[PDB]
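Here you get one chain, nothing else, as structure tokens; it is the form deposited without the partner chain.
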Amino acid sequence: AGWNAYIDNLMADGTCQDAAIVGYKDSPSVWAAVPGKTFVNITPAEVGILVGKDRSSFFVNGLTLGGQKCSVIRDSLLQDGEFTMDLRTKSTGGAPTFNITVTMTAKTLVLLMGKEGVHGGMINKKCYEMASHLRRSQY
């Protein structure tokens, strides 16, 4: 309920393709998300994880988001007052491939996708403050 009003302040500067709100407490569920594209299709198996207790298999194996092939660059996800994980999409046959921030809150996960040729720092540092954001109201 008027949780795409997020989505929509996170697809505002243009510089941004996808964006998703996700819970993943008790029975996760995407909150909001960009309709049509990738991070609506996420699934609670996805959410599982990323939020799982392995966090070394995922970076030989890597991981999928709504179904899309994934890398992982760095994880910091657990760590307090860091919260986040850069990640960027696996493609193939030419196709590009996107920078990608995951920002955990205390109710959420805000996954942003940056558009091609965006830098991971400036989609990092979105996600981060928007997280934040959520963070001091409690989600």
Given for the second form:
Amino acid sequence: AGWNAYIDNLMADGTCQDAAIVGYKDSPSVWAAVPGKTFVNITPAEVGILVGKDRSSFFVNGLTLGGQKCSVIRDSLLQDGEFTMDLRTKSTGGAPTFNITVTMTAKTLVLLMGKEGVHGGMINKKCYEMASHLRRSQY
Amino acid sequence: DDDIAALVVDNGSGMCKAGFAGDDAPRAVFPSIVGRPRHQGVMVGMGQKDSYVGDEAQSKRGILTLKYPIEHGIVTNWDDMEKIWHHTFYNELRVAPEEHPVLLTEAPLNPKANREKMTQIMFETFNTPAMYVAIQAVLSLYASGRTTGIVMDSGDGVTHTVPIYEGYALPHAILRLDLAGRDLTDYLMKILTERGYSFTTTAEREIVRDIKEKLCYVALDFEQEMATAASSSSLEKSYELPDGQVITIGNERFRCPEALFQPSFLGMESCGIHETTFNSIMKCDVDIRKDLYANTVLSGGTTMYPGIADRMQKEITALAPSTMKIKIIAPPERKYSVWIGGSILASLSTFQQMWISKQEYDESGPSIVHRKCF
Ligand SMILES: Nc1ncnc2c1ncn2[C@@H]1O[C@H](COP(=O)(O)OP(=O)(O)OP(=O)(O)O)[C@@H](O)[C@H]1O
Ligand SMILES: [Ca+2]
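Right, the form deposited without the partner chain is done; let's see the coordinates for the form solved in complex with the partner chain.
Following is the full complex, with the preceding chain placed first.
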């Protein structure tokens, strides 16, 4: 049923613990997400920073994804062919951290967060594969 | 045989380190050269192996047109960079690449196309079941049992500073400096040649180098060691040439390594080892910085100069805010750190829920590296 279909599809693995489809085109809005998690709370200010003008400041300060302080690792969100940006959450004292990869499409931003011990490459390929499906349906 | 046996291949610009994942040392260290037979005029024949490689082509020399395939960590020629790989399996470990997964090692800032090329080759050409490309510096930090930190890699042709967050290199803050072994060798020569020690070349450049590895140390205070140098004699060391004299260096011992911290010594405008390390860190996220400053690992031959730790420990402390604990970590085995790192990485069951499988190369192609390998 709706965008919720793509989500269920994204978590069905047991590897991810959060997904979300967010429209960034001039009126940010989560189109569907794992409920009761973090991405569901992504705000327009936050989304306005990922799809930003400068691709440098967040390297120093960082950025939150639903109030979650994330450290950018690689940034290729605006670069053709790639379409991906990779992040690692920022815990506190032994608290475990998780990788997140947001991939842009014509209209959407596909976010994906791994569980405990899932390598970023996994989460990237996966979030990437899905973004290409929307990307081919003019989405 | 009695298990999956993943392999590790740490590709140095000079020395190639092969081995089976799970070992104590590269179970094969050979030069990275490909001799391409010759003589000229165009002859009566030449014979076997249109290309000789490794330790064998090394003797050959006078008969073969010796070639260096990798420069500054970066692959220069795939034809002969393939030969070295081919050899590693079919000549060194004597394994059929077809049955062993493999970790390939790479340089910070390896161009995209090089990555893909490396991928298409391992899969289409050697038919590896699965592989994974890891940055040489990340593996070194693992070798010292860490995941977050900053590696100062100094081999022969260049130095890089790689701030790593949880096992992920942060490219935006990776810094590269054109000083490393070679430079220290050319300086020392130029500085030994002062009392007309004139080594220069007649196979005499390798003597400077052996002095460098054997007699150079690093000063905690240049000026003051300089003053005590001039006051003389428990700092003046001698060296025996092959055929001949017992030579003497003094000021020279702690002067060549000092160009690391002072590249104007080498006529070059450039920040030193210390400030470079510092610059990378500033480029990082404010929240991890304090954990980079207390995890500056050293790897590479050029880091082996005794005293480099303390001079490092002291020099960064004056550049940085007091709020953190500068703690230069410099592992005793920092020459083989990189291989040992990947040996450890390619030993874990996780390496399997981490790599590119042939199936994946068939569905996606070489571009699958920009995805999986970070
Ligand atoms: N024990 C030592 N003390 C001081 N300097 C050393 C020592 N061992 C090696 N070196 C020097 O530091 C460098 C070591 O780098 P390394 O052995 O990694 O080089 P390589 O494989 O020839 O090339 P590249 O580093 O460009 O990949 C060389 O220039 C070497 O002369
Ligand atoms: Ca080297």
